[PDB]
Amino acid sequence: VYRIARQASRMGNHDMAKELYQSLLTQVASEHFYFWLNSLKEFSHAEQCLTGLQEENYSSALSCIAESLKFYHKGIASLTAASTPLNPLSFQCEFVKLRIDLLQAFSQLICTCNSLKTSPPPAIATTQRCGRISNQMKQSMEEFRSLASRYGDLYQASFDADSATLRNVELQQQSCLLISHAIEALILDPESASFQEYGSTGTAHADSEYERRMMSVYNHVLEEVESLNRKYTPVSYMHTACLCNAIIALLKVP
Amino acid sequence: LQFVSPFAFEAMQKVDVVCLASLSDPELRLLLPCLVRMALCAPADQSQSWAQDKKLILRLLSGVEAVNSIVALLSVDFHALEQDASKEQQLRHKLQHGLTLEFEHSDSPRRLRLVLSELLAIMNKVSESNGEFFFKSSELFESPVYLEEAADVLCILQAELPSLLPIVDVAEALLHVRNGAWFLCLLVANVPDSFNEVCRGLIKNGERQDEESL
Amino acid sequence: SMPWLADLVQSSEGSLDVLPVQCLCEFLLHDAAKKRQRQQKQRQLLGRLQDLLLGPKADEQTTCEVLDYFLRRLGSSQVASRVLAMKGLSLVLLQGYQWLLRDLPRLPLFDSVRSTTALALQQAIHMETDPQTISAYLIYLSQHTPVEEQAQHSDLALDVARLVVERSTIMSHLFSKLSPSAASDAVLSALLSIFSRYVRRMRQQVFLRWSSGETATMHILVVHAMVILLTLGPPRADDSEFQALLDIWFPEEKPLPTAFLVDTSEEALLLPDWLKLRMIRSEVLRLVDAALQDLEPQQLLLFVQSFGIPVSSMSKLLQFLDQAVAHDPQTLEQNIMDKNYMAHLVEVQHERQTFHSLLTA
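Respectively, the protein sequence lines represent chains G, B and A. Read in order, the letters of the first sequence correspond to residues 526 to 652, 662 to 788 in the deposited numbering. Read in order, the letters of the second sequence correspond to residues 15 to 108, 122 to 241 in the deposited numbering. Read in order, the letters of the third sequence correspond to residues 887 to 918, 938 to 998, 1023 to 1133, 1149 to 1296, 1302 to 1310 in the deposited numbering.
What the hints contain is simulated information worked out from the structure, not anything from laboratory work. Ideal Cβ placement from N, Cα and C applies to all residues, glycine included. Be aware that a few hints might be false.
Said to hold, decoys possible - Label-pair ranges, simulated between beta-carbon atoms: (1) G:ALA740 <-> A:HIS1294: 57 to 63 angstroms; (2) G:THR651 <-> B:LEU37: 28 to 34 angstroms; (3) B:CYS226 <-> G:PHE558: 32 to 38 angstroms; (4) B:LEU37 <-> G:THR551: 42 to 48 angstroms; (5) B:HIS107 <-> G:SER680: 31 to 37 angstroms; (6) A:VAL1094 <-> B:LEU37: 31 to 37 angstroms.
Unchecked claim - Capping the alpha-carbon separation at 30 angstroms, the derived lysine-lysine pairs in DSS-like fashion look like this: (7) G:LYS622 <-> G:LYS786; (8) B:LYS69 <-> G:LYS765; (9) B:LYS101 <-> B:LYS163; (10) A:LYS1283 <-> B:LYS69; (11) B:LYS163 <-> B:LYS152; (12) A:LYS939 <-> A:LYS992; (13) G:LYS765 <-> G:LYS672; (14) B:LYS101 <-> G:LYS672; (15) B:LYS69 <-> A:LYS1260; (16) B:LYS69 <-> A:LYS1106; (17) A:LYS962 <-> A:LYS992; (18) A:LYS946 <-> A:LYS992; (19) G:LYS672 <-> G:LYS595; (20) B:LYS163 <-> A:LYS992; (21) G:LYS622 <-> G:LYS599; (22) G:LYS595 <-> G:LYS622; (23) B:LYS231 <-> B:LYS108; (24) G:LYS765 <-> A:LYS1283; (25) B:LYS231 <-> B:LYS152; (26) G:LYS786 <-> G:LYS599; (27) G:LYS599 <-> B:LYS231; (28) B:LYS163 <-> B:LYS108; (29) A:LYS1260 <-> A:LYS1283; (30) B:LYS68 <-> A:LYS1283; (31) A:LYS1106 <-> B:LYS68; (32) B:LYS231 <-> G:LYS672; (33) G:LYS786 <-> G:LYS672; (34) B:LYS68 <-> G:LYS672; (35) B:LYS163 <-> B:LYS231; (36) B:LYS231 <-> G:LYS622; (37) B:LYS68 <-> A:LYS1260; (38) A:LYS992 <-> A:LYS940; (39) A:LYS1260 <-> A:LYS1198; (40) G:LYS595 <-> B:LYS231.
Please take these sequences and the hints and turn them into a complete structure.
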């Protein structure tokens, strides 16, 4: 049942992972193995919460993101308790921590997209960036670029993983670059983009189904970015809707 | 001292009108100034959905006459206020009536002037103290009868002046003043994108080891 | 005068009493092994003051000096000074304010010092910030104002008028519609009784003339205060006085008492735009019907743009705006600066016509 549970966690069926992790949690005869299984249970719970999404619905996005963060934080507390001097679990804690940081970057981004509907156009003083939303999405640049750098640092510091784990880390880093480019092409200086994705967007190796769905999401978001390039006002609401749909598309693929 | 309900702060997070509609009167009055800036301002959003969403926002805005009062708060020329605040800023770097008495017997612009001046005083006293949790007995914040329009005008200057009132600085500054955790509650309630970076700021610029300090 | 007193009294152990009585009350207000001796001396001083006010040795001079000192310490701008004067007056003599209502009238020399206390509390009404303290002060004034003096009663009426007008936040808190208290109802009834007895005295600056022929040289702020008290509605305890004032100043099918200027002899507007807006805000139908007459289209747009108004008031304002459209449409159209905004505003007034038809065109 432990092998079945970890196979389900590998593929993406996190509900059966939840149930078998419950079964393991009642079981087992040591401290840190118990904490490890509790952490895996909490991760499966947050990932089922992430599977419970609906397209073009930002309310459910905020709700399910908050549930995913709280279950991941119970899980990362369990992982920190599970760490041992003999087996210093370092990949797991960093991967979970950067996953938490990615979902909070997504949460700040989605509520920042909500801020245009929750604040003025700027102020009575402003009448080429006007409003607090420009500073907020500049902070989004800082957070997402730092997060991509931290994904790169996790990639470089492992050296002991296989091709699939490294490629998954590359998928997460490419998601961070995707959101960063999508924002800095829509709102923050459209003028010097001038690219329209002059590289290949097809004929991939596709070594896993998760890779293929990640690449399809990446290509769709880049298509939306190319189409919505320099037609509309710099703030816009098609821009915020594009970010919202991008975040939903990233969080749909589990 | 009544703190805003968590459901109201979610409804501000959720940016939906149907949960704002099913909300009690003092909660609406406490959440007001953001909502009236959402109502009487140029449309930041141009969507056809935000049309009837804004229509329903202004639909529930009636009641509480003090709305009109803070409409006066959004009725002044603000450029003179920001030049005056900047001139006071370089002045600091180089009143016959009491605080409550001047606070009541006044119109909007000099109320704005006094509140921005004392925010400048609390901010540069933070810059002067450098670590020690200093005590200031600013009367208009102790002021148990006059608190809600003070939170209103704090929200107004917070949503007017983006650069001259930075978020984390004003947040810690009103942490140092008297009983204004509810002031910070209002300041993070009115602008929904404030809670996580105010959490960041309060985590850095404080004590490290001993929570038993003042 | 707090900190130098604090570091002078505490540094002078041998002079805790001092022969003048004013210094005795000063040290009592400062006080409000060593701590036990200080408490015993404070108790002895309290007993001496109680003998000097309620005992057989109570003369007029010492009582007047003590209470005048307490009242002049109440007048200090700092709230802590008024708190200390509160503590001293409560220790020597609305459960927390029962000394002013019950213990103070039991004094043997109550008349002259009661008039002095009434004048001092009228001066404190200029400055007090606590609503319940102002409520107790108004109750004591309504129960113990010297009615015989015309100048003192007119000063009382003017002070209550200034309290209502310039400190409307205090009465707004005291007339919170969420929690209507019985003490607030009693305070409203007391203020209505004060205005009613002022009017009963006078009827038996602006020149006001009634439809019955009576004349007045009053202050317009008193009129503002009493018409705001009229908008507060009938009190739950008493109803005859409120209906009497409503019938006198807003009589049924009769013209209103007109206003006039004392100095330059001109007609003055008794109901300004903000006052008429608050009349429309009121739930009394007679006040709204009185405010309906003589409304400009610009004033109509100003009144409609406001919020917090009852539903039937928007309805009748909508038919009055339709009547204004039917009278002069071109001037009202020229007063329109954004057709979409007022068209939408009228659409809001609908579900809470001719004017909307003009706006859509």
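To see whether the hints hold, each was checked on the structure:
1. G:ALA740 <-> A:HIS1294: 57 to 63 angstroms: The hinted range 57 to 63 angstroms holds for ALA740 (chain G) and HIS1294 (chain A), with Cβ atoms some 59 angstroms apart.
2. G:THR651 <-> B:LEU37: 28 to 34 angstroms: holds (31 angstroms)
3. B:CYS226 <-> G:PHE558: 32 to 38 angstroms: Between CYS226 (chain B) and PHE558 (chain G), where Cβ atoms are some 34 angstroms apart, the hint holds.
4. B:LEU37 <-> G:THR551: 42 to 48 angstroms: holds (43 angstroms)
5. B:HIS107 <-> G:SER680: 31 to 37 angstroms: At 33 angstroms between Cβs, range holds.
6. A:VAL1094 <-> B:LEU37: 31 to 37 angstroms: Holds, since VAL1094 (chain A) and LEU37 (chain B) (Cβ atoms, about 33 angstroms apart) stay within the stated range.
7. G:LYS622 <-> G:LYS786: holds (20 angstroms)
8. B:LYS69 <-> G:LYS765: holds (28 angstroms)
9. B:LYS101 <-> B:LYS163: Judged against 30 angstroms, a Cα distance of about 23 angstroms means the pair holds.
10. A:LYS1283 <-> B:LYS69: Distance of about 16 angstroms is within 30 angstroms: holds.
11. B:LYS163 <-> B:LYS152: Answer holds: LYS163 (chain B) to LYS152 (chain B) is near 10 angstroms, not above 30 angstroms.
12. A:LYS939 <-> A:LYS992: holds (22 angstroms)
13. G:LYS765 <-> G:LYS672: Judged against 30 angstroms, a Cα distance of about 21 angstroms means the pair holds.
14. B:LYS101 <-> G:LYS672: Roughly 29 angstroms between the alpha carbons, so the hint for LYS101 (chain B) and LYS672 (chain G) holds.
15. B:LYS69 <-> A:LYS1260: holds (22 angstroms)
16. B:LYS69 <-> A:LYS1106: Answer holds: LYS69 (chain B) to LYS1106 (chain A) is near 27 angstroms, not above 30 angstroms.
17. A:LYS962 <-> A:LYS992: The given pair, whose Cα atoms are some 24 angstroms apart, holds under the 30 angstroms limit.
18. A:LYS946 <-> A:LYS992: Roughly 17 angstroms separates the two Cα atoms, so the pair holds.
19. G:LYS672 <-> G:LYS595: holds (27 angstroms)
20. B:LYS163 <-> A:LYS992: holds (25 angstroms)
21. G:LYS622 <-> G:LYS599: Judged against 30 angstroms, a Cα distance of about 12 angstroms means the pair holds.
22. G:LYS595 <-> G:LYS622: Answer holds: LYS595 (chain G) to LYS622 (chain G) is near 13 angstroms, not above 30 angstroms.
23. B:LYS231 <-> B:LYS108: holds (28 angstroms)
24. G:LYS765 <-> A:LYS1283: It holds: about 29 angstroms lies between the C-alpha atoms, which stays within 30 angstroms.
25. B:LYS231 <-> B:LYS152: holds (18 angstroms)
26. G:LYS786 <-> G:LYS599: holds (22 angstroms)
27. G:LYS599 <-> B:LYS231: At roughly 24 angstroms apart (the allowed maximum being 30 angstroms), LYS231 (chain B) and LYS599 (chain G) satisfy the hint.
28. B:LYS163 <-> B:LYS108: holds (21 angstroms)
29. A:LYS1260 <-> A:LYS1283: Cα-Cα ~22 angstroms, so holds.
30. B:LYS68 <-> A:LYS1283: holds (18 angstroms)
31. A:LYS1106 <-> B:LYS68: holds (28 angstroms)
32. B:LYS231 <-> G:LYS672: OK: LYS231 (chain B) and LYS672 (chain G) at ~21 angstroms, within 30 angstroms.
33. G:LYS786 <-> G:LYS672: holds (26 angstroms)
34. B:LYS68 <-> G:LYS672: holds (27 angstroms)
35. B:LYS163 <-> B:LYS231: Roughly 22 angstroms separates the two Cα atoms, so the pair holds.
36. B:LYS231 <-> G:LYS622: The hint holds at about 20 angstroms.
37. B:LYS68 <-> A:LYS1260: holds (26 angstroms)
38. A:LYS992 <-> A:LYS940: holds (19 angstroms)
39. A:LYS1260 <-> A:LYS1198: holds (21 angstroms)
40. G:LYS595 <-> B:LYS231: OK: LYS595 (chain G) and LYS231 (chain B) at ~23 angstroms, within 30 angstroms.
The structure shown violates none of the earlier numbered hints.
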